[PDB]
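In structure tokens, the next block holds one chain alone, the form solved without N-[(2S)-heptan-2-yl]formamide (NWH).
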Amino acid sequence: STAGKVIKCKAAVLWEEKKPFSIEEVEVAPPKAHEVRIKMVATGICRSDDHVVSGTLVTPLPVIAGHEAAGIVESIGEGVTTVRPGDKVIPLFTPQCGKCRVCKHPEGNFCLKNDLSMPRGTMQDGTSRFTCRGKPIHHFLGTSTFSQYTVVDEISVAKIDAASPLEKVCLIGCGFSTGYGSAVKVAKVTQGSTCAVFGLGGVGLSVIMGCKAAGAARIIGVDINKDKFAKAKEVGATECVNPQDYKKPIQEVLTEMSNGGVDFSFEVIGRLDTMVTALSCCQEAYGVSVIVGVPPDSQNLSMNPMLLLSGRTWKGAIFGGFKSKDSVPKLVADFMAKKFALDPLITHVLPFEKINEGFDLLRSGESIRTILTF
């Protein structure tokens, strides 16, 4: 039925920052050319969604948030090649437009049609496919996955394995792929290496997995919160260190530990102090350090250029440096091949109406990942 007609469904609208989400009856306009309209099956709650609500991530409001998700294609607009109705898909918040500077370049993945650099909160043609009582609602990072139906451009949707468990592969739409990509594709962790992962939330557990996929022979997990160590161990940390156990610095007790500093170091905490710390405790002449994520209101860090002079490399990346359309298929194919288990990372699944309930957990921190089922 639906094909061609507007749909009317529930979605969570942030009418204004620092207020809760409201479940609203929403109308989802039909796809124009090169658009696909998706039926959502499961959406993860990521801190970047919550960043919107504090005003930290400035995007046009009112907004439908969500970017981590898998669903099923309902209609496809005119001129769409990549997908067909009924295909399981993952919305992509890093688009893969194919034609730009960054898209042709063999290591750039951060597509030039991204809506992060300057958020407009619209579809590629400057308009919204959403209205709640006449009022337009903005799109978020071209995905808006906290809606029961959503419309994405063809550069922001990736087709995946029809037998794939959508209540687990939705993690590949952001959180797992951002961390595993940092170990596997951005730092290019090598077999035998000694990796230090800073912070052990769900993206950190993904990094540990990357390191493990790459064959590091030592993955030290570090966290001031002792309670994170078991799951980390479970997922690949050979050891785990709590910074408040020592009297010494941590970069000292890590280089000491490692006979000269670790090969690769990753910061999945997101703060300034440990970013620079994570620089100093990877090897002086060839250590590589990846800032997996940095929050939207970041200030300037003070770092002494001298730490680069001996040969350290310092990289940053969005989405694990993966080219989105290219990789999310292969990461599901892999998950289907029984390599990663997204299972240790899912600690709560709620129904989609408990969206605000899913954020309170995020915000008090005992939740690795919450999945919202539709």
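C-alpha atoms forming the largest set that superposes within 1.5 Å between two forms make up the rigid core. Numbering follows the first chain given and starts at 1. What changes on going to the form solved in complex with N-[(2S)-heptan-2-yl]formamide (NWH):
The residue among 83, 224, 72, 100 whose Cα moves by 2 angstroms or more between the two forms, once the core is superposed, is 224.
In this overlay on the rigid core, residue 164 has a C-alpha that sits less than 2 Å away from its partner position between the two forms. Residue displacement note: residue 245 has its CA displaced by at least 2 Å between the two forms (rigid core superposed). Residue 122 is not among the residues whose C-alpha shifts by 2 Å or more between the two forms once the rigid core is aligned; its shift stays under 2 Å.
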Contents of the next structure:
Number of protein chains: 2
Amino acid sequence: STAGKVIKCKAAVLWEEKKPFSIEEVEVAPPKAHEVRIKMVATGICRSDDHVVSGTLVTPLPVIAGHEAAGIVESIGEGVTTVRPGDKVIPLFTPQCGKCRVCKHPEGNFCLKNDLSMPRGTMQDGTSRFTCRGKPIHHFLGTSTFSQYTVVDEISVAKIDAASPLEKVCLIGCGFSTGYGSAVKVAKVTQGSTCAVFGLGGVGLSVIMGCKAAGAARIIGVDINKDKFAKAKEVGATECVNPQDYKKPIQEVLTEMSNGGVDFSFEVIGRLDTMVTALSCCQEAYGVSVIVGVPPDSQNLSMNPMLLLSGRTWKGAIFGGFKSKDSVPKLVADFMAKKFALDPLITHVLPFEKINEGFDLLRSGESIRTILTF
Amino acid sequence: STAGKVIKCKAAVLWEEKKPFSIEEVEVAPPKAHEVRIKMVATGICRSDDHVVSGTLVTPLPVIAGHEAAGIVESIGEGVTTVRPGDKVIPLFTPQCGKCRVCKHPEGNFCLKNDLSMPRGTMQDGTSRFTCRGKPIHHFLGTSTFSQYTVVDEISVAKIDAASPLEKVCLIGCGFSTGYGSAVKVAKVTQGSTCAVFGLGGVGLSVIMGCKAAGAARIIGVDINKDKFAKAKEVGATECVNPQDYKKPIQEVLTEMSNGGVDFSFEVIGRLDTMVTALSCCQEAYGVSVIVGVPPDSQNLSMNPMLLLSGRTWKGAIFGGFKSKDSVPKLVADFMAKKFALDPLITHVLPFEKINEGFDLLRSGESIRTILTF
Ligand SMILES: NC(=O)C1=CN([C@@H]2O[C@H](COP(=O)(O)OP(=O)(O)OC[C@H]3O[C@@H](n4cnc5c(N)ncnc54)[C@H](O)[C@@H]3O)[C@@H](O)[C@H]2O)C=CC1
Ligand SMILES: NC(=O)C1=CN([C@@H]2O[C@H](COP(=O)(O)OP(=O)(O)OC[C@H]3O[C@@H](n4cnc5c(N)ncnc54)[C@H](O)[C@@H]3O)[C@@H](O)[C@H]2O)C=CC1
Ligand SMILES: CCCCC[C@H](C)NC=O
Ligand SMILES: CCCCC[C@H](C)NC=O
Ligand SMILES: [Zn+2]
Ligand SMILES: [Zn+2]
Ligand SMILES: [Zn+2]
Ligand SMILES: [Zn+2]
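The block above covers the form solved without N-[(2S)-heptan-2-yl]formamide (NWH); next, return the form solved in complex with N-[(2S)-heptan-2-yl]formamide (NWH).
Okay, now the whole complex, with that chain kicking things off.
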């Protein structure tokens, strides 16, 4: 009944850096050509949403953030062919156009239509579907899931299994897939290897799950919050280390523990110093280090290139290297077939209107993923 | 007739940084257990030897430098099994002990017995076989080929074909194998790809040869010395670019020429700034950049890790990634079957006694490889 009409609903608007989210009455325009309007069912709180608040990640304000979500298609614009009203969907913060050089490459996933590299905070057409008191509100990563309803470009949504539990599979929209893919697809962890994972939040726990799936023999978790260690061990870490416990740098500790360096390391925090530490702790001749965490805007790291000359490989990726529209439905099917677990990532469930409590939980160190429900 | 005896012979001794080599009489001890004494036939002048003179590359002085060479075994110490007197050999600046975790790894080649990481300038046993003016003189990379005779550990020498032309195949001891392998083994250049090669000296020309062998569609040579371009095109470059000809930074120029970034880039100079430029010019989602050049001692580069987070891979390697003792004889056999060419690398030939003129030819830009004959 709402098709082709403006919807008035609630959304969490970020008006200013370093402020709480403000629950506002917003107007959500109907979808234009090749757009899809989605009724939200569940959305996770990811550290990257917090990075918008903290100024770590720069995107145009005011904004409706949120990017890790699942919902049901309310309506489709002209020319949409990949979803229909009533379909369960996951919005894709990294699109898959299918036509750019990256989409056509076997390995590449950072589609050229992304809004990550040079954020505009709009739909593909350069406009917004959201107003608050007549003021346009920016989109975030072409998703904007902290709203009862959102509009996304067709290249930024995937149809998923009709029977999937949206309150769990929302994590496939970001954290789970990112960490898991970073292990299994980007690093290509090998059986019997030794892995070190820096950061034991939702993404890092998903890296651990991927290293375990890949058959790693040792998975060393590293975090300054020792409260994170029990869950890390539950999902496959063989050992955990707190850098604060040592009188020496942790790269030296990990090199000694691993008898000369790890096979694979992962930076899953977003600090420059830990990126260099994680590179250094992999074995100098054949080690691989993958950057997953997102650091503060515009800051360069300093490193000695001899770390690379000896033979190390250093790489990064977005969304675990997964081609998003192809991969999301397959990951949901794998979940439904019991190939991996999502419940270990979910520590809190709150109604949407308690969004700020959810962020307070993340910032305090107490949660992994809070799922917001509608 | 010299077996078991100290040999008095000529060598090029480097007493101090930023001074000419001194050709003078040295004493060369006989080989101890598991060591091999070699009569030099030919040695190339590699930019790395110049780096030792300049202080870019730190190694203990005084020293007998030289590491790209071929010769004939004069005598063997007790226990040597892999070469015999009269065998043609190439000394290996990267050893292959066969026993350490790196040697056992399928992809590693930076054997833990190397003298590169923390140079001592000795034999494996921590002593020197060279005396000059009554003083011990350091070895260089376990090779020291700027001498009529040298002594090397058995793990630092490979037996080659008895019919090998030593005045050509000395380049398999460093520059050819390094560049070729950086393309074919480390980057794994693919058929139909676009490559950019920064630096068109002997190593960069060898990278081009490897890219061409791998079936690259486009190979863009980059050098500030346009006199290098003609030879780069002869060996496979499809285009050459001089950064000094352009108002834009060369990474922008290359990204444009390649319709969004190259598949593979190679830094084959030894400058921090070109390492970051080369990384930048590869395609942000799936590009690979390999560091080959050696930059000034102890200096760090500065870079933005967003360059990696989008999907780039950055790596480096010593000796083209080749496991040295296994690979060198096979490369020589391939050269004898005319699978690649060395003559394009050899621009000048001089007697050993004219070593300082050879270094002048390199420093002035005029040469690729000068081969010194004994
Ligand atoms: N590359 C990509 O596609 C994606 C990247 N991200 C990024 O991944 C990172 C992790 O995200 P979440 O797991 O949601 O975050 P999180 O905040 O839940 O987890 C980070 C962990 O790092 C630990 N930590 C913080 N400082 C540390 C230090 N100095 N040393 C050791 N441990 C430290 C924390 O205690 C925490 O447990 C964030 O930077 C986020 O923006 C997240 C998803 C997608
Ligand atoms: N990784 C390894 O195992 C090995 C590394 N090396 C290193 O590889 C590098 C190259 O060695 P060679 O080919 O013998 O040296 P080379 O000096 O003959 O060639 C370097 C080229 O770079 C060009 N160049 C200088 N500054 C430039 C700039 N700003 N932009 C563009 N081009 C520039 C020069 O004009 C020259 O043609 C050296 O740093 C050497 O130490 C060499 C062999 C082994
Ligand atoms: C402004 C770009 C931010 C992208 C953040 C991260 C890669 N995505 C999801 O957490
Ligand atoms: C003291 C370490 C120098 C290594 C130099 C380079 C990798 N080898 C030959 O050119
Ligand atoms: Zn695309
Ligand atoms: Zn996220
Ligand atoms: Zn060399
Ligand atoms: Zn070894």
